[PDB]
Amino acid sequence: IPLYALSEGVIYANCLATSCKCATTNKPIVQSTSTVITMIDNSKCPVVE
Amino acid sequence: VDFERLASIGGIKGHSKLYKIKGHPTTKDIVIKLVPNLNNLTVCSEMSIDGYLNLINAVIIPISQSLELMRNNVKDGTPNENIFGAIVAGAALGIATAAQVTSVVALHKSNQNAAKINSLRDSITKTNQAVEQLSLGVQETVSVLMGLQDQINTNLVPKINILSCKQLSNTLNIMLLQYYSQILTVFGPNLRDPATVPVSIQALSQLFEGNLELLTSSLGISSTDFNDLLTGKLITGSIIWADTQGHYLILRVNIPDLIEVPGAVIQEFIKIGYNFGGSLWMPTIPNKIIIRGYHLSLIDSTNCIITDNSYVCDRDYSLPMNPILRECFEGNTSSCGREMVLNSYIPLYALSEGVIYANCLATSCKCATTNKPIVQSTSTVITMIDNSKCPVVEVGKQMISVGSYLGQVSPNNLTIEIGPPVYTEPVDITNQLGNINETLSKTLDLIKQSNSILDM
Amino acid sequence: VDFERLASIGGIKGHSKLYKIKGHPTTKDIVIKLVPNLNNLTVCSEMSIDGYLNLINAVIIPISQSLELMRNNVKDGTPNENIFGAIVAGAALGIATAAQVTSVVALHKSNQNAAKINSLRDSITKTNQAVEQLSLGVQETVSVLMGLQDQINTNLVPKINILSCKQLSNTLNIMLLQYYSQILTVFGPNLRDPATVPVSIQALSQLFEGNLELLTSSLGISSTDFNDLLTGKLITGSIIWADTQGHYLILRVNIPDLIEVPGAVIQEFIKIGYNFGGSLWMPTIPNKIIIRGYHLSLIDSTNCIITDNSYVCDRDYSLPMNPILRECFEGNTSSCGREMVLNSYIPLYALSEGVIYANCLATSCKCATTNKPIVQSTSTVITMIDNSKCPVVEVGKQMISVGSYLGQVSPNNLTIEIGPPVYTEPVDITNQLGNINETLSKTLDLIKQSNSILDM
Amino acid sequence: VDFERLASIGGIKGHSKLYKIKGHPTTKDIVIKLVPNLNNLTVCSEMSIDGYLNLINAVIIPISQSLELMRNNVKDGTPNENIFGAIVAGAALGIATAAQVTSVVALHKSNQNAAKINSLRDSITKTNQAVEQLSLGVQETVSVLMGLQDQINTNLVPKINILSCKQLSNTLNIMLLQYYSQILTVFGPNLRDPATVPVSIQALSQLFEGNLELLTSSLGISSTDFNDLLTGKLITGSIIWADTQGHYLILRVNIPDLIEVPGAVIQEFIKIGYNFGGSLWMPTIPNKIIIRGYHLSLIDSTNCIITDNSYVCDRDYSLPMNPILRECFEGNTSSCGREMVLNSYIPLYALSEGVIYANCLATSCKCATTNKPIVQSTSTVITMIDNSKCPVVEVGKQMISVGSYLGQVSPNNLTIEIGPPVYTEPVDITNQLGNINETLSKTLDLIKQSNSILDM
Amino acid sequence: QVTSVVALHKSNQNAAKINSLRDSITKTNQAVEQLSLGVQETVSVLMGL
Ligand SMILES: *[C@@H]1O[C@H](CO[C@@H]2O[C@@H](C)[C@@H](O)[C@@H](O)[C@@H]2O)[C@@H](O[C@@H]2O[C@H](CO)[C@@H](O[C@@H]3O[C@H](CO)[C@@H](O)[C@H](O)[C@@H]3O)[C@H](O)[C@H]2NC(C)=O)[C@H](O)[C@H]1NC(C)=O
Ligand SMILES: *[C@@H]1O[C@H](CO[C@@H]2O[C@@H](C)[C@@H](O)[C@@H](O)[C@@H]2O)[C@@H](O[C@@H]2O[C@H](CO)[C@@H](O[C@@H]3O[C@H](CO)[C@@H](O)[C@H](O)[C@@H]3O)[C@H](O)[C@H]2NC(C)=O)[C@H](O)[C@H]1NC(C)=O
Ligand SMILES: *[C@@H]1O[C@H](CO[C@@H]2O[C@@H](C)[C@@H](O)[C@@H](O)[C@@H]2O)[C@@H](O[C@@H]2O[C@H](CO)[C@@H](O[C@@H]3O[C@H](CO)[C@@H](O)[C@H](O)[C@@H]3O)[C@H](O)[C@H]2NC(C)=O)[C@H](O)[C@H]1NC(C)=O
Ligand SMILES: *[C@@H]1O[C@H](CO)[C@@H](O)[C@H](O)[C@H]1NC(C)=O
Ligand SMILES: *[C@@H]1O[C@H](CO)[C@@H](O)[C@H](O)[C@H]1NC(C)=O
Ligand SMILES: *[C@@H]1O[C@H](CO)[C@@H](O)[C@H](O)[C@H]1NC(C)=O
Ligand SMILES: *[C@@H]1O[C@H](CO)[C@@H](O)[C@H](O)[C@H]1NC(C)=O
Ligand SMILES: *[C@@H]1O[C@H](CO)[C@@H](O)[C@H](O)[C@H]1NC(C)=O
Ligand SMILES: *[C@@H]1O[C@H](CO)[C@@H](O)[C@H](O)[C@H]1NC(C)=O
Ligand SMILES: *[C@@H]1O[C@H](CO)[C@@H](O)[C@H](O)[C@H]1NC(C)=O
Ligand SMILES: *[C@@H]1O[C@H](CO)[C@@H](O)[C@H](O)[C@H]1NC(C)=O
Ligand SMILES: *[C@@H]1O[C@H](CO)[C@@H](O)[C@H](O)[C@H]1NC(C)=O
Ligand SMILES: *[C@@H]1O[C@H](CO)[C@@H](O)[C@H](O)[C@H]1NC(C)=O
Ligand SMILES: *[C@@H]1O[C@H](CO)[C@@H](O)[C@H](O)[C@H]1NC(C)=O
Ligand SMILES: *[C@@H]1O[C@H](CO)[C@@H](O)[C@H](O)[C@H]1NC(C)=O
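Sequences listed follow chains A, B, C, D and E, in order.
My numbering applies: residue 3 is where the first sequence begins, and numbers increase by one.
My numbering applies: residue 20 is where the second sequence begins, and numbers increase by one.
My numbering applies: residue 20 is where the third sequence begins, and numbers increase by one.
My numbering applies: residue 20 is where the fourth sequence begins, and numbers increase by one.
My numbering applies: residue 816 is where the fifth sequence begins, and numbers increase by one.
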């Protein structure tokens with residue numbers, strides 16, 4: 003089952019089961035309680051793990 | 020020592036090695052000649068030797084004068100009913116320490132063998148080889164030696180007629196100035212008082228192009244095990260004669276032996292950084308712990324070579340441990356302390372007997388047999404991992420397997436006692452001037468302001 | 020940071036350099052042969068090789084045993100949907116750190132290429148000349164050199180019949196013992212655990228008479244610019260094989276690259292003495308301040324070489340400071356400490372952007388065109404001098420011209436907050452401890468009383 | 020300073036030596052050429068010199084560019100009608116210190132003699148000997164020198180036709196890379212700024228096989244007395260020209276002179292362990308005290324050589340001391356601190372002008388004249404022993420004679436005022452001001468509860 | 816698709832190594848051949864017709 007995908011530089015990622023990080027800051031990314039699918043763009047970090 | 024609570028605060032028990040100290044040195048006598056013996060160079064040598072001799076006389080003569088003047092300060096003879104003891108005229112010493120007295124006693128013991136070797140002065144000056152032996156007695160021999168005899172027995176010797184004699188004289192002059200610089204380098208502190216200063220075998224080996232085990236094999240001591248291989252930088256020696264006629268030095272060196280102090284175990288440790296309060300803290304605990312019969316002390320390996328199985332020191336370096344630091348290594352690990360580590364080269368996980376101690380909040384933890392991540396417990400910061408959770412472990416980027424068990428009780432479940440932060444600056448001493456002066460005459464204000472109304 | 024207040028307290032802003040860290044190392048393999056290949060000396064060399072072989076076999080075998088035990092600790096396995104690699108046994112490793120696991124994974128990675136190099140053992144042993152690079156085709160390569168092969172290809176070879184063969188045997192014995200001392204010297208710590216300890220490249224060059232540029236050119240690194248000419252002491256790398264048959268060691272080294280941390284600037288400072296209260300004080304500030312986007316950190320350039328324009332560290336060495344240091348650097352000259360000096364080698368004037376910061380209380384200050392003295396103002400301690408006062412300046416004996424402009428405000432008209440004198444003593448700590456003890460035992464007695472006299 | 024009270028607390032007055040500082044240096048100009056003028060090797064040398072030239076040009080050109088850039092900012096012709104001197108362009112320097120300005124003035128002074136030597140460039144480049152002299156003027160001379168010119172005039176020359184030309188070219192290549200590595204080693208910090216950095220004579224000496232004495236003899240300094248033999252490691256010198264045509268470096272060195280500071284006597288001290296409280300302690304005093312007209316201060320001989328009669332420093336190192344330490348040295352043994360030792364290498368007895376200071380509690384003390392033991396007095400700790408008690412004394416194992424007397428004041432009957440047991444502060448005592456200060460900030464909360472006491 | 820991107824970025828060096836023997840590829844006159852990629856490595860060039 004895929005849990006992340008890319009759409010025009012937009013990452014939809016289920017970070018509850020997938021590791022999510024920003025190595026500009028070297029921190030993990032956690033799951034919000036208001037949503038399950040995780041929105042990721044360059045506003046959080048431009049280079050993503 | 021409790022390794023569970025000390026692992027919970029962040030210190031991991033490393034290897035345990037032995038402690039062995041050099042003891043009982045026996046003596047052996049070497050001789051070092053200084054004037055190079057040219058015998059094939061009688062055709063073209065000029066008198067370039069005279070400049071070298073005038074350079075080295077200023078080293079040879081006052082060393083020998085100080086040696087015989089220290090020799091005059093000790094005499095033998097009976098003090099009345101007492102038999103002997105090498106009675107030392109204390110008015111002839113000025114200011115002297117215990118080691119100088121011991122060295123003077125050593126040269127008084129070695130006067131007889133120094134005279135015995137000095138009887139073979141013409142035997143010393145007739146050598147034309149690099150290193151060879153001469154029979155001192157029926158079962159004793161001497162170890163006369165030169166590193167630079169070979170260089171004017173294999174290099175300047177074949178160019179006796181191919182090259183011009185003035186160029187051999189110039190090259191011999193350059194080599195003699197270089198070698199006189201070498202003796203001026205090695206006998207630097209030895210010119211001050213050449214009777215109490217010990218002599219390193221390494222700086223002696225620098226006179227012979229850095230060949231340590233040539234000198235060791237000519238001495239006769241032979242290493243055969245792993246421990247005596249890295250051992251070899253701690254052989255000491257003493258000047259016993261400084262003869263000006265043949266321009267040589269008779270030296271007495273000591274053959275070492277690594278005796279073992281019983282019950283002493285050198286314990287190593289691993290320090291990791293743990294994230295508490297949003298900050299990465301490092302514990303303030305030392306590395307090497309000497310333990311001997313329930314006694315914790317400090318040592319320094321500033322000069323001690325470390326083997327795979329033991330600690331080898333030239334001399335015992337037992338320093339007292341702080342009793343606060345002893346109680347740190349006891350169950351009161353809140354008295355240990357911690358400091359900031361923001362640098363990236365801080366380890367977060369380590370292995371010990373199939374046991375993984377991992378700070379899992381910053382390091383990824385999962386088990387591929389179960390394909391689930393591992394979460395930090397709220398009651399601890401250091402994370403225990405063994406085969407009970409998963410025998411096959413992923414930590415960070417690396418894939419491992421584990422074994423064994425916890426050990427007495429698990430260090431993850433008990434409560435934690437967090438110490439104070441530690442700073443190292445004299446600015447903190449001025450701040451302790453300031454905040455005690457914020458408090459001291461405010462504590463005097465407690466003393467005043469309480470008693471003002473406690474009367475009624 | 021406020022440079023005007025820092026100039027008032029006595030610090031002058033020095034240069035600004037960059038910061039670069041070694042990063043992204045690719046791997047290149049070499050081999051190091053130990054047995055010298057004598058081919059011309061097959062007429063008379065005796066069996067002088069035998070003692071050298073017996074000496075090196077004591078230090079060849081256990082490294083090989085340790086490395087194959089390191090390969091035995093790892094096992095290429097895959098439980099379920101694993102990464103199909105790594106996997107070490109926790110019981111078979113004992114106690115280890117993260118870097119030891121990394122070294123084990125590096126051995127498990129490069130075992131294939133180690134077998135690839137070991138396939139050409141007869142090609143390794145037939146190298147008549149010393150330095151050659153071979154390859155495994157178009158991609159992958161290996162290198163080999165011997166610092167002693169030339170000495171038995173241009174020095175010991177031509178005296179094959181002019182000199183006696185026993186003298187060649189003795190000279191080769193002396194040379195082999197010297198070189199065995201050199202390998203014994205460089206692999207000092209390498210005998211303990213020859214998998215997790217890197218190899219200093221300068222100590223490797225010491226085996227070959229200190230020629231770092233020969234191995235630099237033969238390795239493939241060809242530095243051209245200013246910054247990489249001094250750099251080259253940061254090669255590093257670990258051994259991968261210790262083959263006994265051909266008597267060679269297969270080594271893997273890392274080709275470095277200097278990456279740049281963004282936004283980080285190293286700042287230097289100049290500390291001068293100021294005469295306050297009839298006393299000469301120096302400011303107590305660190306010399307180097309690294310800034311990266313409003314973030315002051317501390318660094319130590321103990322192993323870091325400094326070029327004309329940047330800082331070259333092998334790895335990042337960030338250290339923290341107290342927030343009182345941040346107050347000292349930003350706004351609070353009262354929080355900045357001071358120290359007492361009386362020595363003569365204290366500078367009192369300096370130059371910055373054509374602006375003279377000079378203590379005129381001890382140094383003569385005049386303007387030569389007007390021929391008038393410059394007097395210390397009572398409001399300031401450090402004197403600012405620009406071309407507004409005089410473009411032609413005479414300081415002490417020196418004759419200077421100034422220019423440019425001031426910059427925001429002058430430091431002389433701002434008030435100066437002199438901090439407490441930083442001067443510590445263990446006696447001060449001890450009697451402070453006694454003072455604190457007696458005062459809190461007074462206060463705890465009165466607090467027990469005042470808590471018992473709450474309710475009247 | 021009171022030696023009797025300081026002997027009562029356990030410190031013995033050592034030797035008294037003088038203090039000498041290097042001062043008033045004159046300057047001598049030398050030249051160092053780089054390209055080896057091979058003349059006998061015009062048949063088989065190939066163009067192996069070209070790689071050496073391209074390697075050294077990237078070093079030589081930027082040094083010359085920075086050298087001409089630093090001398091381009093200084094100008095003569097003072098606009099003041101009476102004063103005349105050298106003016107630097109302070110706007111063009113940017114940031115500079117006092118020593119940099121003084122160095123620029125020095126090169127401005129030496130530019131004329133640099134051009135005078137540069138007029139003899141073809142004389143410099145035509146030398147085929149190792150070290151020789153040329154006619155600079157009617158009485159001035161230069162000291163052009165090469166260490167490697169001997170090696171291609173006594174070693175590489177005679178194998179001109181016996182050995183193959185490519186082998187000579189490869190040997191020349193290896194030697195050129197090794198020597199180019201040596202110039203890269205010595206001119207490390209000089210590449211950043213070759214104007215304000217002096218050059219050590221020993222760093223120059225490793226370019227010529229570590230021959231400091233050859234450079235000392237060719238320079239003109241001829242040390243004859245015992246004090247100047249050890250001196251010579253502190254010779255300073257700076258470059259004045261960096262010529263790229265002949266690829267040579269014109270250097271200016273400073274001939275030193277050891278002046279003597281008046282009235283300053285350096286004093287040594289011997290710290291003996293004393294058994295108080297069943298415990299072995301040591302006094303906390305510095306080893307060396309400089310006294311100059313009743314002025315106790317501190318020095319550090321970290322770079323200063325120590326002779327038998329004097330202390331020789333390259334530059335004055337007067338350090339201040341605490342007034343509590345001055346009271347400790349003068350009158351207040353209660354102000355003197357003590358530290359704990361338990362290690363075996365603590366001497367408990369020493370000699371001073373025939374005066375035995377011996378702690379008899381641990382060391383066996385006897386009188387051989389009477390065959391009785393000597394008991395420790397309860398009023399003192401360190402045992403005074405002179406000829407008044409017994410002339411022939413047994414201490415430890417040793418027979419020792421004694422001499423002199425008490426001098427002025429007897430320490431054997433004097434009262435004891437051993438001060439506080441002061442403690443070292445490695446990392447821990449900061450948390451003893453960090454766990455006790457929070458008890459103080461519990462009492463700061465008790466100030467708020469004392470306000471409640473006042474209110475209720 | 817991201818995994819395929821990583822696969823081509825992982826194998827472009829070996830693709831260049833195989834492309835280095837383009838003239839060796841076109842000279843085959845039999846059905847199936849094995850040509851040496853490296854020291855102990857090979858590929859399979861093949862033409863059933
Ligand atoms: C080292 O010791 C020798 C031996 O002297 C003995 O030891 C000394 C420490 C003293 O205790 C001496 O009394 C004792 O004998 C010293 O050699 C001696 O030197 C002295 C001069 O210092 C010589 O005396 C001279 O001898 C002749 C007699 O014709 C004349 O030149 C002079 O008038 C003068 O008296 C003496 O002969 C000599 N030998 C002996 C056996 O005493 C030596 O000086 C001493 N110290 C040093 C630093 O070398
Ligand atoms: C390093 O590993 C090799 C390979 O062995 C493999 O790895 C080990 C860690 C274990 O997991 C093994 O089960 C596994 O096969 C070891 O070499 C092996 O050594 C053993 C002895 O220790 C050999 O057994 C001997 O074989 C013959 C049988 O005729 C007789 O001489 C003896 O009776 C004895 O049984 C074995 O053949 C050998 N090879 C293999 C493939 O197993 C190696 O010992 C090990 N460790 C070290 C320190 O070298
Ligand atoms: C070192 O100083 C020299 C000398 O110049 C003098 O000092 C300078 C600091 C300035 O104050 C100058 O005004 C003063 O004369 C400098 O060399 C000079 O450089 C300039 C270029 O900057 C040269 O001009 C060139 O000349 C020819 C004309 O045909 C052409 O190549 C160019 O079009 C250009 O105009 C000039 O000739 C030269 N010499 C003199 C005597 O002025 C030098 O720049 C300075 N700095 C360094 C780093 O070397
Ligand atoms: C060189 O000296 C040795 C040793 O004394 C001697 O055997 C040999 O004959 C000498 N050679 C010549 C050519 O004189
Ligand atoms: C230290 O531990 C002991 C038991 O070993 C306990 O009695 C004591 O209260 C502890 N002290 C602390 C935590 O300060
Ligand atoms: C730790 O305590 C928990 C309960 O808090 C218990 O389940 C566990 O077995 C303990 N671990 C031991 C005793 O090793
Ligand atoms: C507080 O400052 C005074 C001087 O004002 C000083 O004497 C005292 O020792 C200081 N208090 C401390 C250091 O606790
Ligand atoms: C010395 O060895 C070289 C290299 O193998 C060879 O060319 C030469 O002929 C040999 N010379 C002798 C005398 O054996
Ligand atoms: C420190 O500086 C700030 C402004 O940056 C100022 O408000 C404050 O009063 C200063 N504190 C002192 C001098 O203690
Ligand atoms: C410094 O302040 C004084 C008044 O105190 C004023 O005359 C002078 O111009 C000021 N200098 C500046 C702002 O550079
Ligand atoms: C202060 O220090 C000692 C330890 O040095 C402690 O035992 C004592 O109770 C304290 N108080 C006094 C008055 O000495
Ligand atoms: C070697 O050079 C010297 C000095 O230039 C010269 O006198 C001599 O003739 C030369 N010899 C040969 C064989 O070229
Ligand atoms: C220090 O010694 C002086 C006399 O030299 C004396 O007056 C003073 O009381 C002493 N102070 C002490 C012992 O604290
Ligand atoms: C030391 O004092 C005692 C009395 O306390 C006295 O008998 C003795 O002579 C004194 N020693 C001297 C002054 O040298
Ligand atoms: C002083 O106490 C406070 C509050 O307990 C604490 O934060 C601080 O670190 C202490 N000071 C030192 C120097 O440890």
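Each hint should be verified, as a subset may be incorrect.
[Unchecked claim] Once the Cα atoms are required to be at most 25 Å apart in a straight line, the calculated DMTMM-like pairs of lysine to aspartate or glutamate come out as: (1) 408(B) / 21(B); (2) 391(B) / 95(C); (3) 178(C) / 169(B); (4) 461(D) / 464(B); (5) 52(D) / 212(D).
If you're looking for bench data, these hints aren't it; they were derived computationally from the structure.
**Asked** Going back to the hint list, which numbers does this structure go against?
**Response** No hint contradicted; all consistent.
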